[PDB]
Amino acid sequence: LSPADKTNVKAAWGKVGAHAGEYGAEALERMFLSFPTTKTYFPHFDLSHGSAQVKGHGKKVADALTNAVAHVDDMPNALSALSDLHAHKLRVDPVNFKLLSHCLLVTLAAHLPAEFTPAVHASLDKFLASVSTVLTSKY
């Protein structure tokens, strides 16, 4: 990371603002179309198209990323509690975090094309790359 990258991440995520929960659910849905191996159902979760849990999960992904951006100077500590989550360890395959974070860039750049320059794109790519490795550090 760097001062330029950190500044790009705040500006990009700042312009997202209240629509972060919507893109979090959208990025999760985009992952299944682009990567069909990722799409797998499990008993205690609702993965329908207009699901309440998928929308609820989008807010949880948004609030986690919002916390990560708020404490971007020490990201590992901010996401240490989330990295021990049992739901992820049991249900989610380690690779899918890199695939979801990739699809979030595709979602964010789609909804915010003007502010998303190649410099900002690479800044969020590096930022979202580190968040994937932090959450998959435990397994």
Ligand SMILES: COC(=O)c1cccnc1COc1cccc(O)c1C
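Whichever C-alpha set is largest while still superposing within 1.5 Å between the two forms counts as the rigid core. Residue numbers count along the first chain shown, from 1. Compared with the form solved in complex with this ligand:
Superposing the rigid core between these two forms leaves a single residue from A81, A70, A114, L90 with a C-alpha shift of at least 2 Å: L90.
Superposed on the core, the two forms barely differ at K55: its CA moves less than 2 Å between these two forms.
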Given for the second form:
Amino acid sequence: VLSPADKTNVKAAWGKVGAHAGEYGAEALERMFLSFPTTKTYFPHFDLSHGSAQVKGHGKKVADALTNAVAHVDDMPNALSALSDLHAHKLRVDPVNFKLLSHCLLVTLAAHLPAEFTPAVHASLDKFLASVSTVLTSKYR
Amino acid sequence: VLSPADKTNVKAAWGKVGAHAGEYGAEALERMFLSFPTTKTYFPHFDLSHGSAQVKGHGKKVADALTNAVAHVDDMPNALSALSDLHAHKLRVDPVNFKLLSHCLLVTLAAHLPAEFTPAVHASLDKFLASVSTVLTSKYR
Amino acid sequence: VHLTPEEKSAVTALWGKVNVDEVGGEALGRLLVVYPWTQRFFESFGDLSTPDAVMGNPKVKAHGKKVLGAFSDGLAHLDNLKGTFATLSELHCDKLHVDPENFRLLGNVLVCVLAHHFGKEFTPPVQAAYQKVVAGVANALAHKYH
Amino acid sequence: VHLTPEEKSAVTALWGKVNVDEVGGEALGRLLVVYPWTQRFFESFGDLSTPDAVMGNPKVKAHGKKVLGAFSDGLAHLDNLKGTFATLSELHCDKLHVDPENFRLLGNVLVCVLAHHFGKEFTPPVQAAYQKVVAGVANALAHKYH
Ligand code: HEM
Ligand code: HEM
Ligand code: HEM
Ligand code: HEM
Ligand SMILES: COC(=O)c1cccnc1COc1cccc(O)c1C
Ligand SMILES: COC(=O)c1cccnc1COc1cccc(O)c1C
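Next, report the structure of the form solved in complex with this ligand; the form solved without this ligand has already been given.
So here's everything in the complex, that chain up top.
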């Protein structure tokens, strides 16, 4: 659950990502795969080589989902229901893996947006990604 | 995020507690204090001796809060806002302790309501307590 | 782990009554249902699609029996859990790459199952002693992470 | 205690450019702001009500420097992290009873701080190397729980 200030910070910071959605998405994925190689087993038939077109494409999907989450922060379980079906029912992703990707998303944002990654915004983003992770790891249909 | 089935499972199961609120609430607290001594550091001013009147009375408060939480499962942050301010803002309880208490609540329910504590209901109760725990440990106001 | 002589007697007395055909299967089964992501480690176990299917699954009951056997061995060697589970830790950490968190969950699910089976006989002091046991087992299964 | 030779080279090269007077305070300060329950361990530190209060708190910055000094000591003994943080493990586990998950959180906050300061130079391979560092530190600090 997010405070009004959290919603304000998340919308402000993620809005500055903009056209760098796919890039940041892909970078976060590649950081996760390289830092926590066990996460690669969730993508057995993917081309996970460095600079992979598939990873580029998939990072774009992740980022755009987050943009959607941000726009529907007051109705996230409804908006992310299909993504919840995928991650919670079909894939059954271990929630520890969501912590890893959320962390890598933070690392990526901090690496690219130093002026916006303040302690307050950091905290808000962390709570937001925790909210997303719970929604996607939970079966509520 | 709870499913319509989770909500149904929780209301039926917790509804069987009834007049056993103070008893089960108290028992759950004593199980936590005994099994995980570090949780006692949040209650230094308390009489935490076995069978204490203070712990038993507090157990009734906790059980009643859960009963209220069950009834307001669709607007928990508003309903639990006062308890959130207490646990998140003032007390600043580490979330790990909420996991310990939630686990002891399940143990109590299993010990007392074996017919209710089916695998599916076990899953729903655990997700319910996790949600209550997240709300009480989050600063969202 | 450090159990008082009074705790060890209560642990031993309760464990002697444990249904070795069912308790392990129910613990492993509840794990798979309450924490569905754990099912990913058991793809070759057949049908895990529903709670009833997980609990009744013969491979789940069979493997759960082996799990309960490990806890039995741990109780028989409380002074050397790291050595007793040395082989099992190599398997769960190097090969299976199971997250240490999952070790604590199963330990606590086992506790719930004991509570479920023995009701009022599973008193808070009895739970407290069993929590020391499952914490020690969970930790001994993860030293090879350390 | 691990890390490939290349990972050790990467970690050592970057740490040489780390401001030992600032990074520790940033990391500790962000820990307290992002995970506010951690403030409970620092009630003698004074004002921790707002993010600006925390980051500007002299005692936070001072203690953060000690924290980072311990990380430096870890990096100078990468193949012996358990011994390096042995005494600190006793303090944090036996005396302070800090739940080990918080150790991992601080480690990852430090990674965010490193990323924040170095930006593009904090490459995925550099991060992966440091992830093994902070995991080793967290593990070593929780050794008395093991
Ligand atoms: C903020 C967190 C996450 C978001 C927003 C997210 C979003 C998405 C999206 C948008 C898709 C594609 C859906 C489609 O193709 O229709 C997807 C697929 C997938 N995700 Fe995630 N995801 C997240 C976390 C994770 C994590 C942590 C893992 C595993 C470690 C994971 C594993 C997968 C897998 C295996 C697929 C299917 C890929 C395929 O086979 O095509 N996700 N996710
Ligand atoms: C998990 C579900 C929990 C629920 C439903 C809950 C509910 C409550 C309730 C109803 C009160 C009484 C407040 C009042 O009447 O004004 C309370 C107080 C309190 N709670 Fe909790 N609580 C939970 C978890 C925890 C945990 C895990 C801890 C610590 C380990 C904790 C620590 C405290 C403390 C220290 C008080 C103040 C008691 C006093 O000084 O009077 N709570 N909580
Ligand atoms: C926490 C206490 C645990 C105990 C006491 C335990 C015990 C055992 C035992 C005795 C075996 C048999 C190994 C052999 O015969 O060579 C085994 C194998 C296995 N364990 Fe566990 N285990 C635990 C936790 C876990 C958890 C949490 C998971 C996954 C979430 C897991 C996944 C597996 C898998 C996938 C196998 C092999 C299955 C197969 O052979 O097809 N274990 N475990
Ligand atoms: C994860 C890596 C960590 C490292 C390397 C580290 C390092 C240190 C060091 C060097 C000291 C000084 C000890 C002394 O001078 O006696 C210290 C003290 C302390 N640490 Fe940590 N620490 C870590 C994590 C944590 C965490 C996560 C918490 C709490 C959430 C924590 C809470 C404390 C407290 C309360 C003190 C004593 C404060 C005081 O003296 O007033 N530490 N730590
Ligand atoms: C902000 O959350 C939501 O959008 C929303 C709206 C209606 C029902 N459930 C939710 C989900 O909230 C969660 C879920 C998990 C963790 C968390 O910290 C929050 C706020
Ligand atoms: C449980 O409460 C609700 O579902 C609800 C209703 C209205 C607004 N926000 C919520 C928040 O949900 C949460 C919050 C935290 C964890 C979690 O797993 C859920 C579903």
